[PDB]
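Here are the chains, one letter per residue:
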Amino acid sequence: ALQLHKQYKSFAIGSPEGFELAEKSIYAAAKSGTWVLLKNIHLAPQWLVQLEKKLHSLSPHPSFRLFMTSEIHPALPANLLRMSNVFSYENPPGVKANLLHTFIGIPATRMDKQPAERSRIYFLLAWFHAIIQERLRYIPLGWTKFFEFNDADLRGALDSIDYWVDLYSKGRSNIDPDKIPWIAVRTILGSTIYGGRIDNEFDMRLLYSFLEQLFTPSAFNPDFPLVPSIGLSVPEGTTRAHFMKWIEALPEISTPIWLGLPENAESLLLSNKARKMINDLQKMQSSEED
Amino acid sequence: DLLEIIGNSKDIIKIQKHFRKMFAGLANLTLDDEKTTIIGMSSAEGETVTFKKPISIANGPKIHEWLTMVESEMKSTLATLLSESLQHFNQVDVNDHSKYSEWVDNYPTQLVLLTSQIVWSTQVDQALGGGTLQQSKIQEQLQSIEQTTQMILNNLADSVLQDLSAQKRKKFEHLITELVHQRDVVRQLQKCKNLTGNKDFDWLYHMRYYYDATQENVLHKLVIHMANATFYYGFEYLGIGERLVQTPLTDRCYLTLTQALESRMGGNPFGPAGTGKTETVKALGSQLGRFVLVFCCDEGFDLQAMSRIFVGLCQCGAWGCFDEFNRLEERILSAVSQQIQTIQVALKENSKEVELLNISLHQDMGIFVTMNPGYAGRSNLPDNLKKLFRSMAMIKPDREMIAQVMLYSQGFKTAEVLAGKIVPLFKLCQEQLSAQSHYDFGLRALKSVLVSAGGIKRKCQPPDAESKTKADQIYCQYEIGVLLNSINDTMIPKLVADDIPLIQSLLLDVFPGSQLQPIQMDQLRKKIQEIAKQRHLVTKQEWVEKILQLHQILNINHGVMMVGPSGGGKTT
Ligand SMILES: Nc1ncnc2c1ncn2[C@@H]1O[C@H](COP(=O)(O)OP(=O)(O)O)[C@@H](O)[C@H]1O
Ligand SMILES: Nc1ncnc2c1ncn2[C@@H]1O[C@H](COP(=O)(O)OP(=O)(O)O)[C@@H](O)[C@H]1O
Ligand SMILES: [Mg+2]
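Here the protein sequences come in this chain order: U and R.
Going by PDB author numbering, the first sequence wraps up at 4439, each residue one higher than the last.
Mind the numbering: the second sequence is residues 1704 to 2060, 2064 to 2169, 2176 to 2284 in PDB author numbering, read in order.
Certain hints may be false.
Far from chain U, by Cβ distances over 10 Å, these chain R residues were calculated [as the list claims (entries may be wrong)]:
hint : residue
1    : 1786
2    : 1789
3    : 1794
4    : 1902
5    : 1958
6    : 2041
7    : 2084
8    : 2090
9    : 2092
10   : 2179
11   : 2265
Below, a sample of chain U positions facing chain R; criterion: calculated Cβ distance under 10 Å [unchecked claim]:
hint : residue
12   : 4163
13   : 4166
14   : 4209
15   : 4211
16   : 4305
17   : 4351
18   : 4352
Because the hints were derived from the structure by calculation, they are not lab data.
Using N, Cα and C, we set each Cβ at its ideal position, and we do this for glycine too.
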């Protein structure tokens, strides 16, 4: 909307006020020929039924464009999807792709400030985040359930790191990795930020497994292994750019060995996908008969 | 109600009722013989606190004016009074239970517990030291503290036996609960060899309370710490109310919620029903002296009243706890969820103002939502709130440990064992008796039998190496008996016929050398048989028994439901 340069108008569906201002600004938005954006219309299951019927017989001008937004939610009526160009969005696979998504939210402006060890810590946080999220695609091997470790958890974890780094080195160009209270760091991040949502006693066992592996003083030692079997260890660096150049040199494909799981974890995954597919083809072939 | 309040502005007696709606614990203001000046504040349980600076409601002050003043003397008086209690306790011979109990009365339930935790914090800090004290030493300092309390506990462990007010009774019960937390924490610390001192996280993990007099403002004098989060006591009068048993799930929950408040995020405890979710958010607010308002969602929910309430939640900096949040009509779920999002984004940003439907936003406020878990690990919170809340899983409350402390405060001395037996018991009855829809073997239920056992124990009388042993054994079985007494009084009466031999059999497994006693209403039994012949009623033993369960229960609850198939003898 910015990039292109055209009157833009957003709106979050869910409120009482949300329904009306909308079936107006948008209606008008049409003849004028501007753009509109509704987001999370799925919250209005008993509403789009109307938005549909309307939009259908709502002839507009060439330049118009009504951009809606949603989450693969069964409330969306067919007609609504069928009358628009649907575009699907999925978190691509891989630890490398995971790291890049995380970094969009770690500005050099925040990461590059003293101590120099700050950046190395941010990277360890990001790598941690990638591991526990990639293991999500291996349930029930990776985790017992689907824990929604989101992006806010990372931000919160950074706020926490930042607190301890500012306590033990505020104003210095270097911090001592052994003077830092790692048990305190691991616990806040484990039991409060990322692990509050865990209701099992073994999935908590597993999260701390990774926490204790990456957030200890020895992790600051040069050539710290991340994935030994493949020779991959933490890069030496003190700036976001140093860490990005390392990320960008990683293979697009990650294997379960990266996540501390056996490689055959991938076999179960590739089979379940083979079953989902065969199963799907069989459906679109049954009706075609019946 | 605001109108009614305004008009009757000077006829206070008329407003009192509405106080339970503007103050957590303040239920009624105590006036002077002329009814022209407020001398203090009363709690629902009957406790009283006379203000230090009397307030006049005649001198001039209009409605809001004088209420704004009570709100201040409430905080003012308690803060000042806390200092006086610190000074009192500061000089008291812990062993002399006399001058000690003499101190528990000079102050509000609320303060006695704080004065207790302020000390304990400070004492533990010193024991651990500045991180330069050979283990052995610190370890000695802890035994000391760890033992000292265990003493204070015994005394109190005997007091609750002696006849005393429901008011004073709940105050010791509360103190018996906090003191068990104190020693239990220290005990942990004692299993800890390599301790860094006043700073070893094995200690910073817990909630500690520090009082720094050499601070201007009385309010800002108490500061609560937990992990790295810091709070000012709100000094909202709570009355006696309730205290939970600081079970390890509780402290783990305090850590997640305090960290959330500290991160300007909301609290979202989740799990099945009956795990201590809403109750824990309530004990935390009470711990930081906040005004906590719980909103019941599984009911007709007023959206219009919510808007108005969000405004005062924001303006007073009070706590809103939505109970069973997701059990709300999808439309209202989105309504409230959209308002919470605008307030919570406001908190995160730190703005002093909120733009709801500008207003001032009190930094101390907090939103909390409880609910059952989502599908396969997923959260049930609404998308828009997901990244705005810190969830906490509360799946298995520490029943054994709750039961245990719960009994100790009731007087029982063998609470460790009794709790280890009454908890698997409930678990068994739950799954090895008919599935009648009315059996309730949840915590709340488990606590009813414990609290009754208490009353019952207040109406009963207890009876070389080899000696102590017999003697313990006797006293031991004595309390076991008291517990069975409550088992029969509040459990088997609700049970249906076929489930009585099952329970009585089970009870035998769990309490081998002890059996159910017959009811001794010798008087009533006669009178009942006196009327039974008149009414032609065949007086059967299993029948008369039921009447006595009715008369028993009726002496407890003011609301009873006689139940069973038609022509089962209820009416007669
Ligand atoms: N730590 C605790 N100490 C004492 N009692 C508790 C504790 N946790 C739960 N309970 C008891 O168990 C019951 C739990 O119910 P509650 O927390 O109100 O519902 P929910 O867990 O569904 O929100 C409460 O009535 C409370 O008395
Ligand atoms: N103790 C008794 N001995 C003999 N007969 C009884 C006795 N109690 C009740 N009955 C008879 O059994 C019937 C029980 O019905 P009742 O208990 O009064 O209704 P409900 O069980 O629906 O409350 C009555 O009609 C009464 O005549
Ligand atoms: Mg009847």
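The hints, checked one at a time:
Even its closest Cβ contact with chain U, about 30 Å, leaves residue 1786 of chain R beyond 10 Å, as expected for a residue assigned away from the interface. The claim that residue 1789 of chain R lies off the interface holds: its Cβ sits roughly 29 Å from the closest Cβ of chain U, which is beyond the 10 Å cut-off. For residue 1794 of chain R, the condition that its CB be more than 10 Å from all CB atoms of chain U holds, with the nearest at approximately 36 Å. Once the 10 Å rule is applied to beta carbons, residue 1902 of chain R is inconsistent with being away from chain U; the minimum gap is 8 Å.
With 10 Å as the threshold on Cβ separation, the claim that residue 1958 of chain R sits away from chain U is violated: the shortest Cβ distance comes to roughly 6 Å. Chain U draws residue 2041 of chain R into its interface by the beta-carbon criterion, the shortest separation being 5 Å against a cut-off of 10 Å. The Cβ of residue 2084 of chain R sits about 6 Å from the closest Cβ of chain U, inside the 10 Å cut-off, so the non-interface label is violated. Taking the minimum C-beta to C-beta distance to chain U, about 7 Å, the non-interface status of residue 2090 of chain R is violated against the 10 Å cut.
Against chain U, the non-interface label of residue 2092 of chain R is violated: not every CB pair exceeds 10 Å, the least being about 7 Å. Interface exclusion of residue 2179 of chain R from chain U stands, the closest Cβ pair being 44 Å apart, more than 10 Å. With a cut of 10 Å on Cβ distances, residue 2265 of chain R stays outside the contact zone with chain U, its closest approach being about 38 Å. For residue 4163 of chain U, the interface hint holds, the least distance from its beta-carbon to any beta-carbon of chain R being 4 Å, beneath 10 Å.
With a cut of 10 Å, the hint placing residue 4166 of chain U at the interface with chain R holds, because the nearest CB-to-CB distance is about 8 Å. For the restraint placing residue 4209 of chain U at the interface with chain R, the shortest Cβ-Cβ distance is roughly 28 Å, beyond the 10 Å limit, so the hint is violated. The criterion of a C-beta within 10 Å of any C-beta in chain R is not met by residue 4211 of chain U, whose closest approach is roughly 34 Å, and the hint is violated. A hinted interface residue such as residue 4305 of chain U counts as satisfied when its beta carbon comes closer than 10 Å to some beta carbon of chain R; here the least separation is about 6 Å, so the hint holds.
At its closest, the beta carbon of residue 4351 of chain U sits 13 Å from a beta carbon of chain R; the interface hint therefore is violated under the 10 Å criterion. Taken as an interface hint, residue 4352 of chain U checks out: its beta carbon lies about 8 Å from the nearest beta carbon of chain R, inside 10 Å.
Taken one by one, the earlier hints fail for this structure at numbers 4, 5, 6, 7, 8, 9, 14, 15, 17, listed in ascending order.
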